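Okay, here we've got a single chain as structure tokens, the form deposited without (6-phenoxypyridin-3-yl)methanol, with questions on binding and movement later.
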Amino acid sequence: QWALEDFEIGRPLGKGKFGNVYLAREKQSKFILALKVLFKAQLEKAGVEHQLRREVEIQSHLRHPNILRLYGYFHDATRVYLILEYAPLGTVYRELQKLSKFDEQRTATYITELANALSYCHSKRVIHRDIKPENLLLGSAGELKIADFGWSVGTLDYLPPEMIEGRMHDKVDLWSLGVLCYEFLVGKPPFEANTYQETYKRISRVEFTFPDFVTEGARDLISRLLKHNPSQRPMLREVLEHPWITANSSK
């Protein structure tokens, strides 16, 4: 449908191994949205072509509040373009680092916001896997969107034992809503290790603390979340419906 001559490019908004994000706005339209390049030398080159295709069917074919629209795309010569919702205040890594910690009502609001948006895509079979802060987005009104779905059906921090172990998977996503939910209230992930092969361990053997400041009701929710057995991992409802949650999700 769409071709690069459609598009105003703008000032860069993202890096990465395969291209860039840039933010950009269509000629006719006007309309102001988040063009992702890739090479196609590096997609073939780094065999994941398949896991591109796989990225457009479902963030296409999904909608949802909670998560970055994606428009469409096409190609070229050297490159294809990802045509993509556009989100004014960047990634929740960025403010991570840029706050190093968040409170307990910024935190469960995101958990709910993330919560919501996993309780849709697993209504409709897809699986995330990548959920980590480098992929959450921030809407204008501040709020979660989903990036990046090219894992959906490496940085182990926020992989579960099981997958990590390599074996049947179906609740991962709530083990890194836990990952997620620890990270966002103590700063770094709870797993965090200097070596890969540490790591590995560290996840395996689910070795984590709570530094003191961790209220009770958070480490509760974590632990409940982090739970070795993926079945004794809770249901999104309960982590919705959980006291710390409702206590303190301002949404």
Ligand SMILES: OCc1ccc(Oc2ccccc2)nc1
The other form holds:
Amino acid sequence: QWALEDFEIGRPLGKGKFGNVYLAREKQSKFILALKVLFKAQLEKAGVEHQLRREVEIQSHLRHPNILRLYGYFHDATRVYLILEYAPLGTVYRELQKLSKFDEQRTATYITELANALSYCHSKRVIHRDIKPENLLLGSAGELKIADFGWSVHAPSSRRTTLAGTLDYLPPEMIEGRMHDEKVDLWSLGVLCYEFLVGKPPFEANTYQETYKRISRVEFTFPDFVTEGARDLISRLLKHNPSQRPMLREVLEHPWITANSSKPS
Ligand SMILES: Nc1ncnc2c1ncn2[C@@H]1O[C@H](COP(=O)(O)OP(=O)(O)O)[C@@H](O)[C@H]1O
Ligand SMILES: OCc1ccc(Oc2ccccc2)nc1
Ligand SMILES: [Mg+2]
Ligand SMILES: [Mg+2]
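Having seen the form deposited without (6-phenoxypyridin-3-yl)methanol, can you show the form deposited with (6-phenoxypyridin-3-yl)methanol bound?
And the full complex, kicking off with our chain again.
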């Protein structure tokens, strides 16, 4: 159906490991969108064709206000192209570098919108496994949207692919290569909640080796300015034992979330 000829390409929106994302307009409808470009050579060398398929299948079938739409794809002997919903206000990562820290109102609203999208996901036994600020995008009303479904699977699951970049958002069971389920996303939620309020992830370190050590041991501490309610929610999510982590309903009706969030469940 679609081909490159159907689009005018615009400015770079961002770079990923494989993805190079560009602003683009469809010639006949003037529809504005984002075009994620992958290089087949890079994809074959790394052996991650299966991740691209999963991204296309899981993300085109899902429909939720807090999850980024994927519309289609095509490909041309050198490259693969995913056709995405464009997110006008950028990434949560950028917003965090801009402000350094989010206040309690901003943090709880984001956490609510995440828990809504995740709950809709888990209801089809879909788990993301790669929740981090670089993959959280912002709509035209500032609403949070989950993107980058490349690492997502159906539960339960083991890991078959090499962990490439940062260990910072991954739970113990997953870095130790053990078996994992829905509860991995709840751990990611707790890492993110801490990073929003503090300005850096709770297990951050100088080397891979040491980061690995702080995560499996669950060594983190709070700065003085983090209130009692935030500490309670974050301590509940960052439990070594998956089964001791809360359900998403518990997060969404936790007293500190309801007191500060400006969006409902
Ligand atoms: N739909 C989009 N709208 C705006 N920017 C985007 C969009 N998709 C990706 N980006 C930017 O490009 C980056 C890489 O996209 P991503 O899908 O995460 O690629 P990768 O799978 O290689 O990580 C994001 O971190 C973001 O900065
Ligand atoms: O699920 C159907 C589907 C969708 C996209 C897709 O892209 C490619 C194309 C070429 C190589 C690897 C992946 N391959 C299959
Ligand atoms: Mg990404
Ligand atoms: Mg990816």
